[PDB]
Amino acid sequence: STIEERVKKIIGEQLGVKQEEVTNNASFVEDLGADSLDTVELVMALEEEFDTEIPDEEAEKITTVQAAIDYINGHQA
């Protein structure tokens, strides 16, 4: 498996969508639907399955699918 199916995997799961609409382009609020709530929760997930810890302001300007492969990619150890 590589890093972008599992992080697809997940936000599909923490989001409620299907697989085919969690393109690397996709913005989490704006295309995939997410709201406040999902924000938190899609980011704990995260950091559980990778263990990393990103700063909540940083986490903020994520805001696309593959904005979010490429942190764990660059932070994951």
Contents of the next structure:
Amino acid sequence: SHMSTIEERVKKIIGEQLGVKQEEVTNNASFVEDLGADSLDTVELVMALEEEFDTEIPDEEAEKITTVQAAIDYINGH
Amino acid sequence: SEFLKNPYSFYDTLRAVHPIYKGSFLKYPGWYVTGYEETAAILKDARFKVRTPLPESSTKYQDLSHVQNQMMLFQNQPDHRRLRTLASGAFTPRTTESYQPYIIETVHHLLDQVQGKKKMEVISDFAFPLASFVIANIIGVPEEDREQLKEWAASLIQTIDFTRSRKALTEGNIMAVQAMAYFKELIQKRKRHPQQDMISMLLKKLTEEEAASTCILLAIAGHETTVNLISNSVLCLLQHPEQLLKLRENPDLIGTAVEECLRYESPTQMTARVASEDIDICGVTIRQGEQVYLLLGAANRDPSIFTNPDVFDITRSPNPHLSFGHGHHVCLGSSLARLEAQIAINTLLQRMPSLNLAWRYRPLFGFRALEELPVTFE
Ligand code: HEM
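Beyond the form solved without the partner chain, can we have the form solved in complex with the partner chain?
Time for the whole complex; same chain goes first.
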């Protein structure tokens, strides 16, 4: 057992939001194409990540993030 | 916080770039329209369609989505005309004028409760109770169930705003269940025993769920926006004591004064459309599927239509503001809203000869709504 890593925290959020298992979320998976996120899901995902990691993502940067790895990569910075 | 205190400086910066501005605010990308001519043209154009404020096929908030999607405000052809025509009977000039006695008597009753106190909160003591009493009376909601309506309205209005959260939408879904269940029950009673109200008029073609969502829509509109018009107008006049003296000395100026209050501090700051095809306007191309956000308060400050647009002038004539929208979806209850505001403000100024200010705006971007408005008098 261990404390939640950055990756585990990101994937739990995505899983709870999109109704998929936290295992089933792969790092290279696209939110819209692979995971099936609609035009509300993606907004609520950013909100959830902002809340979880106590950060503020500008609309410019959020537009860049389209895959799970990109979300993880952004949080490891910033 | 700085945006809420003065959004018009923000609108001005967008307008200087382009009256149709491509950008993204609060994570919502699209075209943000600050120009008057552009706003009016888009609202007039049926190619720019209304749409559900949550994704069409989303069942995350299943009950909230169902309630919203049945409302005429988010419906296009041919369902829009059907729904609008059926509800229109309660808001005709003639029927609206017949509400005047009840509005005058309610206004006096509410001011009686505070007359001796030398102090009041304009929203809680005056603006809200009036608007709540009037709309509940028109719809046919019993006086015992009036407080429950207030809670539903305040919760459901947030579900359409940019400032909405996961928590607000979850709360919204619960209130959607409650409101729909209540109006279905009230419809069953009116089916057996019709009364002199709008529910009965609706039942006299429309499903019982479409009637319920119609009632919910009118209940929210009757509460939220009309309350804001009254309270915004009072603040406006008190911040400009010089056309408040002027309206006090001549109550016949109430008509043109209310219109300038509508232009200057519009209760509704935003509405929205989606492009159903590729559309060329004002030297830009809006592609199919892209979202268009019409900033009505910004359009009302367009210096090419209103000279010295940041000046509050109650003698402005005419006043072709867009506060009630434009085109097919133009406000259904605009006559009622105007009447409530006219009577409320004129009577207040008559009965409180020495009215003075003792401010915070609610965290809504699509609406300009005060948290409270404490005043003193006599
Ligand atoms: C009891 C008072 C009110 C009632 C019953 C009411 C009702 C309605 C209804 C049913 C619609 C939908 C019409 C349609 O889709 O065809 C509508 C539209 C609209 N209302 Fe009102 N309303 C009220 C007050 C107000 C106020 C005070 C304002 C702001 C000054 C306002 C602003 C608007 C706007 C801008 C639209 C059109 C929005 C769009 O085109 O997307 N309403 N109203």
